[PDB]
Amino acid sequence: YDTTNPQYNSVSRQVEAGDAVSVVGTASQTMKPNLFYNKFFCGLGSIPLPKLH
Amino acid sequence: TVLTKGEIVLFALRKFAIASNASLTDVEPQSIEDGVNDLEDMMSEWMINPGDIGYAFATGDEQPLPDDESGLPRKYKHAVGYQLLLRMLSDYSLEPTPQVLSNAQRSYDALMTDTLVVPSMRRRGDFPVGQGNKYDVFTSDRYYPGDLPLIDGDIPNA
Amino acid sequence: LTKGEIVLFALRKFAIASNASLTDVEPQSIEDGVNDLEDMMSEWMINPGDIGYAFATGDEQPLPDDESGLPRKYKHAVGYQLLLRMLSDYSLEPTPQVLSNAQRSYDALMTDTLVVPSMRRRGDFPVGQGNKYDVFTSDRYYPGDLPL
Amino acid sequence: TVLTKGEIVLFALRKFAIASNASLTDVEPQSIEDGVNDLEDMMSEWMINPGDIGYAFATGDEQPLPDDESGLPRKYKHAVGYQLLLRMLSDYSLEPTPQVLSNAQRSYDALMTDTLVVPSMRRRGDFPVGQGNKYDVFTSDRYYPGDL
Amino acid sequence: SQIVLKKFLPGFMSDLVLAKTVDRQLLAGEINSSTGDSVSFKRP
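Those sequence lines, one after another, are chains u, 1, Y, r and k.
Just so we're aligned: the first sequence equals residues 319 to 371 in the entry's author numbering.
Just so we're aligned: the second sequence equals residues 3 to 160 in the entry's author numbering.
Just so we're aligned: the third sequence equals residues 5 to 152 in the entry's author numbering.
Just so we're aligned: the fourth sequence equals residues 3 to 150 in the entry's author numbering.
Just so we're aligned: the fifth sequence equals residues 10 to 53 in the entry's author numbering.
There's no promise every hint is true.
Stated by the list, open to error - Cut-off 20 Å, straight-line C-alpha distance, at most; resulting in silico cross-link-like pairs (SDA-like, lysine to any residue):
#1 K15 (chain k) - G148 (chain r)
#2 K15 (chain k) - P66 (chain r)
#3 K77 (chain 1) - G148 (chain r)
#4 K16 (chain k) - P66 (chain r)
#5 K369 (chain u) - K136 (chain 1)
#6 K77 (chain Y) - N51 (chain 1)
#7 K369 (chain u) - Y94 (chain 1)
#8 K136 (chain Y) - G127 (chain 1)
#9 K136 (chain Y) - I365 (chain u)
#10 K136 (chain r) - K16 (chain k)
#11 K77 (chain Y) - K77 (chain 1)
#12 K77 (chain Y) - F140 (chain 1)
#13 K136 (chain r) - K15 (chain k)
#14 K77 (chain 1) - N51 (chain r)
#15 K77 (chain Y) - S46 (chain 1)
Just so you know, these hints were derived from the structure itself, not from any lab.
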């Protein structure tokens, strides 16, 4: 939330002091999380290694 | 055997007769303290340009004492004492003599000869190795490594 | 290595005062030496380059007992130069042996701060096909001078 | 006749008339032992630049004493004595004369003439030996071995 | 003491008869990588 550069706003209002936050889940649960994403979210590469003497 | 900072300072004083054992029957503890402090500082300075020669600095933070062991080999003491004498002569306001300057120069030159390295010129790295070196059968590749070559294979990064 | 130790070395080397002289220099003179060291270091920020001297904090006068932060390796070099700068204060003139010692210490200090800027490629210089710019490396020309 | 450290020190002292048998004034043994110590350190330092000349050093813990034998031949006596004289005049705060300097230089040149040895550059190691050396039958090398 | 011939002088040699006479027929190519560290034959 930038006042001098409104072009790059990505939230309705600034996070002031005393705001309410919460943690999604349970105290000590263990689970296997499912995923969703776009094509261009992350990128993976395997860089080749050079030969030796 | 053993080289002591006290005896180095005493040699430096005697070689110019600031406080000898024949002409004068006096040695001053203030002069001894100044000499040992000057030797410590000069060795700290020498640690960079001429290179380390085996001197041992005072561990911790307590001041050096003349009874401690320097650790210098006996073949460096003349150069060390001369270079110290030239540095501390201003305090007694005695100018040095050409014979003393020449002797210090010869001793320092001998130390310089003793502490030479003369490194060699390694290959560039893209310079090809000849076809007569039998690559694909010997360890050699088509080109020089240009860096320290692998010695083990367990540690391959360096 | 407090600032005071450096000043004491300068005065002792030319004999103006020492832990031996029946006479001694007044306290006011020492303060001028600490103030002179700070002008020295302010100038040395330019030509010799930064060494690691910790200047006084904002709005305090330097104190003779305050820490300096220069390692003891550079102590002889810093001290000899200060002596030459404030020698003329007491209406004296240096000696050739002292000059040679100061010069040698200055070379010893300078040998520890080399640069060798090692200039890089122009930026429009072609990269040959031996580097395989089509497959292994994206750039077809040298990247440049790493701006700012 | 066997040369001794005490004899060398006495020769060095006599040659510039500081102390001798005919003199009516003589120097304390402190000066003699300081001189023999100076000889010991100088000759130990001589192990690098001029080389080895056969000098015998103190066996570890034991200090050098004038009565022991150095082991040097009679030839090097003047060289060693003149170098010790040049290193010891400053102790009594004197100045060597040009004739003394010339004599010391001549004797030192004689010492270098005795010690001098020149090396020979061996073949590189990839240099062909030639068909005329019969490398098929007489010699097993097609190329020179090189340095060993 | 400077010129040296390449040809090595002849030495002393023993003789090899026991390996020739002993049996090298039955056990040959039988200690393979599959057989293991030992191999056994039958008895009448």
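Outcome of the hint check:
1. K15 (chain k) - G148 (chain r): holds (18 Å)
2. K15 (chain k) - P66 (chain r): Violated. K15 (chain k) to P66 (chain r) sits at ~54 Å, over the 20 Å cutoff.
3. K77 (chain 1) - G148 (chain r): Measuring from Cα to Cα gives roughly 35 Å; hence the hint is violated.
4. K16 (chain k) - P66 (chain r): This hinted pair is violated, its Cα atoms lying about 56 Å apart.
5. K369 (chain u) - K136 (chain 1): Between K369 (chain u) and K136 (chain 1) the Cα gap is close to 18 Å, so the pair holds against 20 Å.
6. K77 (chain Y) - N51 (chain 1): With Cα atoms ~11 Å apart, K77 (chain Y) and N51 (chain 1) stay inside 20 Å; holds.
7. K369 (chain u) - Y94 (chain 1): At roughly 68 Å apart (the allowed maximum being 20 Å), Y94 (chain 1) and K369 (chain u) break the hint.
8. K136 (chain Y) - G127 (chain 1): holds (17 Å)
9. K136 (chain Y) - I365 (chain u): holds (16 Å)
10. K136 (chain r) - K16 (chain k): At roughly 13 Å apart (the allowed maximum being 20 Å), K16 (chain k) and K136 (chain r) satisfy the hint.
11. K77 (chain Y) - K77 (chain 1): violated (24 Å)
12. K77 (chain Y) - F140 (chain 1): With a Cα-Cα distance of about 50 Å, the restraint between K77 (chain Y) and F140 (chain 1) is violated, given a limit of 20 Å.
13. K136 (chain r) - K15 (chain k): holds (11 Å)
14. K77 (chain 1) - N51 (chain r): Holds, at roughly 11 Å.
15. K77 (chain Y) - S46 (chain 1): Status holds; Cα separation ~5 Å.
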